Amino acid sequence: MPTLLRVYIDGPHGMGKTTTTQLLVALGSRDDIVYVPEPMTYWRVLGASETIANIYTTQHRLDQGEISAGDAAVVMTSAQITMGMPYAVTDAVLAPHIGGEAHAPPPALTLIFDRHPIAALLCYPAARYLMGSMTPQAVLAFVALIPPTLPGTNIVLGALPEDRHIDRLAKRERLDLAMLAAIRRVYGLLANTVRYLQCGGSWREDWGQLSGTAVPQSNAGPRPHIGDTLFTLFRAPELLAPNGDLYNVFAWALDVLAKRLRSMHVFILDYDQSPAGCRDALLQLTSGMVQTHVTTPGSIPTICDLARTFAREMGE
Amino acid sequence: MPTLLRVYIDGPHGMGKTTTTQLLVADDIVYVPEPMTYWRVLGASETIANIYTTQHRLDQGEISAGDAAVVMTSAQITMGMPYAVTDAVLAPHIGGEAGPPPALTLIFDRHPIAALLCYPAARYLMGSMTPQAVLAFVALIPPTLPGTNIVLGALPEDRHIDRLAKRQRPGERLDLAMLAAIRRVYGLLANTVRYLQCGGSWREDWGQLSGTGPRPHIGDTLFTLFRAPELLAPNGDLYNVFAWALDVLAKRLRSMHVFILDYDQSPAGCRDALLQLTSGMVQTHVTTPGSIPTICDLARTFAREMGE
Ligand SMILES: Cc1cn([C@H]2C[C@H](O)[C@]3(CO)C[C@H]23)c(=O)[nH]c1=O
Ligand SMILES: Cc1cn([C@H]2C[C@H](O)[C@]3(CO)C[C@H]23)c(=O)[nH]c1=O
Numbered sequence: 001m002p003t004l005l006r007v008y009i010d011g012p013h014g015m016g017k018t019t020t021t022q023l024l025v026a027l028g029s030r031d032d033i034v035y036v037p038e039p040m041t042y043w044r045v046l047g048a049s050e051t052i053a054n055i056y057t058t059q060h061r062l063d064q065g066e067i068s069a070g071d072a073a074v075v076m077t078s079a080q081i082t083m084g085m086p087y088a089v090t091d092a093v094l095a096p097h098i099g100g101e102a103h104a105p106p107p108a109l110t111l112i113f114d115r116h117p118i119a120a121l122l123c124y125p126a127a128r129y130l131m132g133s134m135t136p137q138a139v140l141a142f143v144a145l146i147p148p149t150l151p152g153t154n155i156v157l158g159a160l161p162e163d164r165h166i167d168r169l170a171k172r173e174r175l176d177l178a179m180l181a182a183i184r185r186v187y188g189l190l191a192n193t194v195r196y197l198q199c200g201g202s203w204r205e206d207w208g209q210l211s212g213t214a215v216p217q218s219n220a221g222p223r224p225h226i227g228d229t230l231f232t233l234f235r236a237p238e239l240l241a242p243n244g245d246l247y248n249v250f251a252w253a254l255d256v257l258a259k260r261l262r263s264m265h266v267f268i269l270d271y272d273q274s275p276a277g278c279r280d281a282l283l284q285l286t287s288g289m290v291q292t293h294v295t296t297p298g299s300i301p302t303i304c305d306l307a308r309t310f311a312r313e314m315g316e
Numbered sequence: 001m002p003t004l005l006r007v008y009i010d011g012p013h014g015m016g017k018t019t020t021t022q023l024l025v026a027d028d029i030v031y032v033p034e035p036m037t038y039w040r041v042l043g044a045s046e047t048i049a050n051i052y053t054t055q056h057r058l059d060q061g062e063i064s065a066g067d068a069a070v071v072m073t074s075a076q077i078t079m080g081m082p083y084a085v086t087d088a089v090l091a092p093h094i095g096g097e098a099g100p101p102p103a104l105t106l107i108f109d110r111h112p113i114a115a116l117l118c119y120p121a122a123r124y125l126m127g128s129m130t131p132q133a134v135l136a137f138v139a140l141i142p143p144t145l146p147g148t149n150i151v152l153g154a155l156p157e158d159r160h161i162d163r164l165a166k167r168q169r170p171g172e173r174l175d176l177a178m179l180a181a182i183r184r185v186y187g188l189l190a191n192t193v194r195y196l197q198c199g200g201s202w203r204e205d206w207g208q209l210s211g212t213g214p215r216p217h218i219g220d221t222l223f224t225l226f227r228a229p230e231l232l233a234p235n236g237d238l239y240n241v242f243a244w245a246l247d248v249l250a251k252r253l254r255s256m257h258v259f260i261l262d263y264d265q266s267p268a269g270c271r272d273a274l275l276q277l278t279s280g281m282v283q284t285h286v287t288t289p290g291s292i293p294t295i296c297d298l299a300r301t302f303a304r305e306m307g308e
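First to last, the sequence lines map onto chains A and B.
For the first sequence, the residue numbers in our numbering are 1 to 316.
For the second sequence, the residue numbers in our numbering are 1 to 308.
Pulled out of the complex, with its shape left as it was, chain A reads as follows:
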């Protein structure tokens, strides 16, 4: 009965996620830990041409009033599909190999992913909605498509003060502070949402506490108010019927959001430290993560093959 440890490193761009993941992997034996990198080659060439350049280019032309919100939404929506494809297809092929949740002995294999499918199907789309370039209905359609949450889904989010974050970003994409704020807010909201659900929060019971505007710990702390969760973003006029509550189609999508996030294992990594400091901190966090059994005898080698294949073909 070989066990597997899956860890998805996620959160806003520019905090040091990629470095620290590589550093952690460099500490292990090549055969017992494998890095699933960002699929940059899929994004710039294989799925479409220079998808990142197109997203940045679209938000800029919308911001400058050169294209309409509608024109922006179509490009952003199609672009996000391209951005999420390698994550969704990897999740789908991995799925059959994942058994139940297995502290416990060291895992036979550890897979560290640079992001989870919810980055492209939920977080970046929600931030683009805040930026005016995605409709809330399209964000909810993406949510309804998030794959069932496999057992042992450990997600590591990141903490980094805005000023240090902004500092790192003056490195070269395009320098969008509003987008940085939006993606930090969405990942904030996501950590609070997982805690709200894990504390027994029912969005349907608390929906009425939202009426207002905009004024995190994913696995500690008291229960957050629904106003500090992702459910706050969907009180948009577009989604409300003439009686005032959400149309049922959108309510069901929120039911799906709850189901998917409630069973996840979320951890917060302080990135306000040197690269080796982030590496250790993540390594200490990796000890409280949930492992799973695998379903077949050869699932370990198959999974390892999948991960190396992915890295070779799609990472730079």
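If you are wondering where the hints come from, they were derived from the structure by calculation, not from laboratory data.
Hints should not be assumed to be uniformly reliable.
Only some residues are given here: those of chain A computed to face chain B with a beta carbon under 8 Å [said to hold, decoys possible]:
#1 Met1
#2 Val25
#3 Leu27
#4 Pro86
#5 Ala88
#6 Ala92
#7 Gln137
#8 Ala144
#9 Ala159
#10 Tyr247
#11 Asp255
#12 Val256
#13 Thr309
#14 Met314
Quick reminder that beta carbons are idealized off the backbone N, C-alpha and C, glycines included.
Knowing the structure of chain A, use the given hints to seat chain B with the ligands on it.
Chain B with the ligands alone, transformed into the frame defined by chain A:
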């Protein structure tokens, strides 16, 4: 636990699927109708019209293939939302196969694969969707649960054109090139399920598409559409990311149970044939004691809100 019979009425538009499903249920049989209100108002404004106008603009050379594909892509997300959200919430209620009449019969107007696979594939055949986008939607197809019975149609082309002309939805343009494409995709779909059920291995047969248990040839299945040059490396090999999506397609389609309804007849004749087809469909148990009444509620609420 009580048993459930799920029946997805699908296939090319213009065949009379909605006419014949109306008649079928015209409290132990509930209909999840075509979510026309989502398409025209709730999800976006007149998405049908936007899809047919875009293809028309592309056919006339007013917009580029790239401009069309972005619109078709974004619009297929809108079209499929009602199906995807319905499947996501119904999923936890479906238990294993049960194999006497079911406690509930849920008849749907289409399955999620219409919007995540068949319409995208037809638009690729129409030059208005990239094959990479079709495989992105394929990777997102929900896992096939037990008892997924899908009814596809059979109808001669000329008769289908006649019926298509009467069944025009709001914003639709009569397009015989799209009719041919959607008829080709659904025919390929039926052959693909048979291919996979008789043990066909797309990876083993792939060379037959380029290097020259009775089952259809692979060139007569959906896999042939994915020999698209955009998905291949300079040496001709398919990129693994796309091969994986084809592995997902094989997994999702193989376990669906396909039934063919002859539409070349009257609405009562079509309705009657549909009912004859139900004896071979697979029923499942539900997972909770309360699964039945809540599924019924889902179905009525969907209908009331999104049905025309
Ligand atoms: C995952 C994801 C990323 N991105 C961009 C922002 C980020 O800085 C990046 C590297 O992660 C360049 C690519 C999106 O726009 N959408 C997405 O779904
Ligand atoms: C399911 C589906 C339908 N359609 C159109 C064709 C059809 O005739 C219709 C009603 O069934 C108008 C809507 C698409 O364009 N994409 C789709 O995924």
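Hints and how they fare:
The criterion of a C-beta within 8 Å of any C-beta in chain B is not met by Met1 of chain A, whose closest approach is roughly 24 Å, and the hint is violated. Checking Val25 of chain A against chain B: minimum C-beta separation of about 21 Å lies over 8 Å; hint violated. With 8 Å as the threshold, the beta carbon of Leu27 of chain A stays out of range of chain B, its nearest partner Cβ sitting at about 28 Å, so the hint is violated. Contact between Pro86 of chain A and chain B, as hinted, is supported at the beta carbon level, the nearest pair being about 6 Å apart and thus within 8 Å.
The beta carbon of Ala88 of chain A comes within 4 Å of a beta carbon in chain B, closer than 8 Å, and the hint placing it at the interface holds. Here the hint on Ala92 of chain A is kept, as its CB sits about 5 Å from the closest CB of chain B, short of 8 Å. Nearest Cβ of chain B to the Cβ of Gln137 of chain A: about 5 Å, under the 8 Å cut. The hint holds. Residue-level restraint check for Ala144 of chain A holds (minimum Cβ-Cβ distance to chain B is 4 Å; threshold 8 Å).
The interface hint given for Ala159 of chain A is violated, since its Cβ lies 31 Å from the closest Cβ of chain B, which is over the 8 Å cut-off. The closest approach between the C-beta of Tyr247 of chain A and any C-beta of chain B is roughly 6 Å, which is under the 8 Å cut-off, so the hint is satisfied. Of the supplied interface hints, the one on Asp255 of chain A holds, with its beta-carbon coming within about 6 Å of a beta-carbon of chain B, less than 8 Å. Because the smallest distance between the Cβ of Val256 of chain A and any Cβ of chain B comes to about 5 Å, under 8 Å, the interface hint for this residue holds.
Because the beta carbon of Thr309 of chain A sits about 5 Å from the nearest beta carbon in chain B, less than 8 Å, this interface hint is met. With 8 Å as the threshold, the beta carbon of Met314 of chain A comes within range of chain B, its nearest partner Cβ sitting at about 6 Å, so the hint holds.
Checked against the numbered hints above, the structure breaks hints 1, 2, 3, 9 and satisfies the rest.
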